[PDB]
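J.: Next come the chains, spelled out residue by residue.
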Amino acid sequence: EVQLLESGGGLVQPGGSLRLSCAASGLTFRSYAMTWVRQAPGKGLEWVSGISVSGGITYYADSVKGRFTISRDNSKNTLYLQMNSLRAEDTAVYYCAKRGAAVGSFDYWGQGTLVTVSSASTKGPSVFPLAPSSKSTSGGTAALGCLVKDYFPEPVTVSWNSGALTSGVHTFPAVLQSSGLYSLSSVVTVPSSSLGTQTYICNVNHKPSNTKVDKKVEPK
Amino acid sequence: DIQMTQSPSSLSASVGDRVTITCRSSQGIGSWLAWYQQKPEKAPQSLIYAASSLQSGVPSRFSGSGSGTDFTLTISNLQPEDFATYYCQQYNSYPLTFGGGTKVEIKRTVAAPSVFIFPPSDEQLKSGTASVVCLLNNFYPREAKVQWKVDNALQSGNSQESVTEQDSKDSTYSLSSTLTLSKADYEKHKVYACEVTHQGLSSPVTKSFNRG
Amino acid sequence: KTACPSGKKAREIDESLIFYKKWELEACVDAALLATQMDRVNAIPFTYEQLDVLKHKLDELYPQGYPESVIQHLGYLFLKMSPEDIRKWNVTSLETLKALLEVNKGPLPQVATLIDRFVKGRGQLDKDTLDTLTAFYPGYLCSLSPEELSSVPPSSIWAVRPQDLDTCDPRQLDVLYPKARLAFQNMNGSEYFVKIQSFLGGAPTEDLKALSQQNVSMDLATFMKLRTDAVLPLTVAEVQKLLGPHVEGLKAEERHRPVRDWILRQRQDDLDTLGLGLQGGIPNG
Ligand SMILES: *[C@@H]1O[C@H](CO)[C@@H](O)[C@H](O)[C@H]1NC(C)=O
Ligand SMILES: *[C@@H]1O[C@H](CO)[C@@H](O)[C@H](O)[C@H]1NC(C)=O
Numbered sequence: 016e017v018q019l020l021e022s023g024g025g026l027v028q029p030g031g032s033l034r035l036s037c038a039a040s041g042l043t044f045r046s047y048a049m050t051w052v053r054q055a056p057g058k059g060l061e062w063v064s065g066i067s068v069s070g071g072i073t074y075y076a077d078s079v080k081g082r083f084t085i086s087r088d089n090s091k092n093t094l095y096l097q098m099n100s101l102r103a104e105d106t107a108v109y110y111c112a113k114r115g116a117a118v119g120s121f122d123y124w125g126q127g128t129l130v131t132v133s134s135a136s137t138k139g140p141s142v143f144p145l146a147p148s149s150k151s152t153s154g155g156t157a158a159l160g161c162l163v164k165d166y167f168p169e170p171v172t173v174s175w176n177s178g179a180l181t182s183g184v185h186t187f188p189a190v191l192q193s194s195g196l197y198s199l200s201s202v203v204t205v206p207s208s209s210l211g212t213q214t215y216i217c218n219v220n221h222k223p224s225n226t227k228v229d230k231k232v233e234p235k
Numbered sequence: 075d076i077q078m079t080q081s082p083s084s085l086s087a088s089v090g091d092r093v094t095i096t097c098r099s100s101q102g103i104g105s106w107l108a109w110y111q112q113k114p115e116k117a118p119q120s121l122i123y124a125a126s127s128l129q130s131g132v133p134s135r136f137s138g139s140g141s142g143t144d145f146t147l148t149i150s151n152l153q154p155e156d157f158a159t160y161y162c163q164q165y166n167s168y169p170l171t172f173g174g175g176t177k178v179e180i181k182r183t184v185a186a187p188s189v190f191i192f193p194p195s196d197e198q199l200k201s202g203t204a205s206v207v208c209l210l211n212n213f214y215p216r217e218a219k220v221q222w223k224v225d226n227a228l229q230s231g232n233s234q235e236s237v238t239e240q241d242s243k244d245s246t247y248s249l250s251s252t253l254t255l256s257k258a259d260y261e262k263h264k265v266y267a268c269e270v271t272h273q274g275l276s277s278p279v280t281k282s283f284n285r286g
Numbered sequence: 008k009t010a011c012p013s014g015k016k017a018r019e020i021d022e023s024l025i026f027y028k029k030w031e032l033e034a035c036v037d038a039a040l041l042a043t044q045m046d047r048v049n050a051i052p053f054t055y056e057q058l059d060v061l062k063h064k065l066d067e068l069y070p071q072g073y074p075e076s077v078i079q080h081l082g083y084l085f086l087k088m089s090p091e092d093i094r095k096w097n098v099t100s101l102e103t104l105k106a107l108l109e110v111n112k113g114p115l116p117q118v119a120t121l122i123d124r125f126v127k128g129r130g131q132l133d134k135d136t137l138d139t140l141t142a143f144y145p146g147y148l149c150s151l152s153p154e155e156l157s158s159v160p161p162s163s164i165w166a167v168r169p170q171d172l173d174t175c176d177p178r179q180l181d182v183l184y185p186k187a188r189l190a191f192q193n194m195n196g197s198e199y200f201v202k203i204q205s206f207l208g209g210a211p212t213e214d215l216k217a218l219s220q221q222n223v224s225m226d227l228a229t230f231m232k233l234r235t236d237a238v239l240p241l242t243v244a245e246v247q248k249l250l251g252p253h254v255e256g257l258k259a260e261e262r263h264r265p266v267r268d269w270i271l272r273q274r275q276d277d278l279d280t281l282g283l284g285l286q287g288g289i290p291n292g
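Chains as they are written, first to last, in my numbering: chain D, 16 to 235; chain R, 75 to 286; chain E, 8 to 292.
Hints in this document: simulated from the structure, not taken from any laboratory. Backbone N, C-alpha and C fix where the C-beta goes; we use that ideal spot for every residue, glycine too. Heads up, a few of these hints could be off.
Stated by the list, open to error - Label pairs and their in silico Cβ distance ranges: (1) R/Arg285 <-> D/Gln97: 16 to 26 Å; (2) D/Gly23 <-> E/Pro240: 43 to 53 Å; (3) R/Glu239 <-> D/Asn225: 48 to 58 Å; (4) R/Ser282 <-> D/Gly23: 30 to 40 Å; (5) D/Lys80 <-> R/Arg285: 30 to 40 Å; (6) D/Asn99 <-> E/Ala259: 38 to 48 Å.
Said to hold, decoys possible - Derived DSSO-like pairs: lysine-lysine, alpha-carbon spacing no greater than 27 Å straight-line: (7) D/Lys58 <-> R/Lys116; (8) R/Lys200 <-> D/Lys138; (9) R/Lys262 <-> D/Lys138; (10) D/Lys58 <-> R/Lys243; (11) D/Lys227 <-> R/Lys116; (12) E/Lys62 <-> E/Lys8; (13) D/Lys231 <-> R/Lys281; (14) R/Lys264 <-> D/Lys235; (15) D/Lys235 <-> R/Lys262; (16) D/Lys230 <-> R/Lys200; (17) R/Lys219 <-> D/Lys58; (18) D/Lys235 <-> R/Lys243; (19) R/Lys223 <-> R/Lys200; (20) E/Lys95 <-> E/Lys28; (21) D/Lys58 <-> R/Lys177; (22) D/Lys231 <-> R/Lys257; (23) D/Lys230 <-> R/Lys113; (24) D/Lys235 <-> R/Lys281; (25) R/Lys200 <-> D/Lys235; (26) D/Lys138 <-> R/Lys116; (27) R/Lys116 <-> D/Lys222; (28) D/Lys58 <-> R/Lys181; (29) D/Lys227 <-> R/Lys200; (30) D/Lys222 <-> R/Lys113; (31) D/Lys91 <-> E/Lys64; (32) R/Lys113 <-> D/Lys58; (33) R/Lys181 <-> D/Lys231.
Could you build all of it, start to finish, from the sequences and the hints given here?
T.: Take a look at the structure:
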């Protein structure tokens, strides 16, 4: 039943504030030292802070010295990270980790909550089809897709014909244009014969903006 | 700041292999070493505490050893569930440190990219900006090179590439280039074409399309 | 008894003798020749029956003992040699010991009483003595008695491997730890520990406390060997100092032995600080 559910993670304007929250369940939170560990999108792991079993002694990275504050609440089964003066560099997924001992290894990690730190406003995505009118010329195979421009923040979920069609689908990892707007694209590669007979919709969902979209892709 | 540094950074191996990863602290850290597995879009998981000890629920094919400033995660008889990034961490002294990670990939025969291209939807062209895509499907290894020519004028620094994690079934990569123009600029020119050098293909393949 | 038939009178220990019957060997083989020609008797494929007759010969010739000469090439007759006989030997050599124990590999009551006669003469159980003894019967050392072990020179402790000290019970390791602690006190730290490590079965509280201060890194296995009585009066501090990072695995042995008692003897408010989640103790204040 062991579950660490981090939350509070969202978008923040630089120099802004934000407080995170790891909800423990299926352990004696009273009797364990926790830490925060963060991971830059597509870089490695970094320790951020750490609270004792008392709440008394608190350690931090020089990176976050006196901008962050680790707190705990054994009553409410919660661990907190206050974060002020946030910069671009603090954008990451923050994992709340449970040590198997004070001065030990982190033996359980949370699914982890994402913090984006940018001035860019929450934009829901424009969606656009990639018609396979001249990808059928591949012979036996025909590639078609849809394309998710001008969106922020991360992430978006793209499934095809309502999660039903799954085999030969490639949702590519998002980039980020000069606009400072992330830009994604998903394709799926299918027999040429099916085109027209079988209808193909891609289903975009952008939780940040509430924007979700079903878009159909057809050659002619 | 104790510097941890791993070797290698990237390692391709086949299933049922004995793979050795290295970790090397800048300073003595006795036995205060740990190992962490991470598979993409998921949280890290504990393998090893105290340089040697297995965490619980972890296969025994996982064997940590070492002390002082030299350590060795060794995965005997590799499984498919073991192809992942591996992270060594010191908890001798604050600040706590992980290494770079070690992307452990599946190994296999080469594969030519299947290559496609996609003019802009007139849906997009109404709004303004106008974006051509070039899809490389299943290939090996990752190193391909998309290169956009428009009316035989190499376009530089106006296309963002992007690549899948190695597949589960085909253990193979795919790629997407995204040549962004203006409405006007798209209107102005005729032939578009991504030229695609890869090891698998003998000569640079170049799929092409003309406006209308 | 009887006289030897014509011709059968053995002038040399040849192969022919394997064909002579029990009684023919009794009569025809000169005892004095057997002693001087003892080197050859190994090769000659005699039966057990036939050897009983060759044993009893030499018994007559030396009814007070046995020259090291005979003892050297005694061959396969060691097994037939009753412990009583051996209790009165002047062996005084390592190569003859080796010789006798090689065939002994091919308890054993004879083996025991022989070894006791080599040391009983040699005066002390020396390094090189115990080196070759364990090369045939490693658990020898942990086969001996608490009292017996006192005679061992501390210098000899060096010859011991960890292998030996698996069959060793407490009341033995008691007598063994002191000696090692003298043999290994010309050392410190990353040196001292490797050596002393096996013997900590004997080690009392006071001696464990000192080790903590020397920033030694112990494991849970080694800890589970420490005397129950010697664990009880250690702080949560001194436990976490010994075990260092291996403390993580201590949760597992909560309801075991050395630490079971320790946990109960400690306040809940003390344990909590270990970040392990151990239960049992005094909730004070
Ligand atoms: C053994 O050696 C001692 C010391 O010289 C000697 O006195 C004794 O007679 C010897 N015993 C036998 C049985 O030969
Ligand atoms: C033991 O470690 C401590 C740090 O906690 C430090 O005083 C020194 O490095 C070591 N001291 C001794 C006596 O080994």
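J.: Given a hinted range of 16 to 26 Å, is it respected by the beta-carbon distance of R/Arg285 and D/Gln97?
T.: Cβ of R/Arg285 to Cβ of D/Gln97: about 55 Å, so the range 16 to 26 Å is violated.
J.: Taken at face value, is the distance from the CA of D/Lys235 to the CA of R/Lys200 at most 27 Å?
T.: Answer holds: R/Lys200 to D/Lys235 is near 18 Å, not above 27 Å.
J.: Is 38 to 48 Å respected by the C-beta to C-beta distance linking D/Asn99 and E/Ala259?
T.: holds (42 Å)
J.: Tell me if the straight-line CA distance from D/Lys91 to E/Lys64 falls inside 27 Å.
T.: Violated - the C-alpha atoms of E/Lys64 and D/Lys91 are around 94 Å apart, more than 27 Å.
J.: Is D/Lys58 within 27 Å of R/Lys181, Cα to Cα?
T.: holds (23 Å)
J.: Please verify whether D/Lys227 and R/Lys116 have alpha carbons no more than 27 Å apart.
T.: holds (24 Å)
J.: Below or equal to 27 Å on CA atoms is what counts here, so check R/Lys116 against D/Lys222.
T.: holds (19 Å)
J.: Holds or violated: are the alpha carbons of R/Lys262 and D/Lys138 at most 27 Å from each other?
T.: violated (30 Å)
J.: Holds or violated: D/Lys231 with R/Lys281, Cα cutoff 27 Å?
T.: Within the cut-off at roughly 25 Å; holds.
J.: With respect to the beta-carbon atoms only, verify the hint that R/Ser282 and D/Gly23 lie 30 to 40 Å apart.
T.: Violated, at about 50 Å.
J.: Holds or violated: D/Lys227 with R/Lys200, Cα cutoff 27 Å?
T.: holds (21 Å)
J.: Does the alpha-carbon distance linking D/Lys58 and R/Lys243 stay inside the 27 Å limit?
T.: holds (26 Å)
Figure legend: structure checked against the earlier numbered hints; hints not met, in rising order: 1, 3, 4, 5, 9, 18, 20, 23, 31 and 33.
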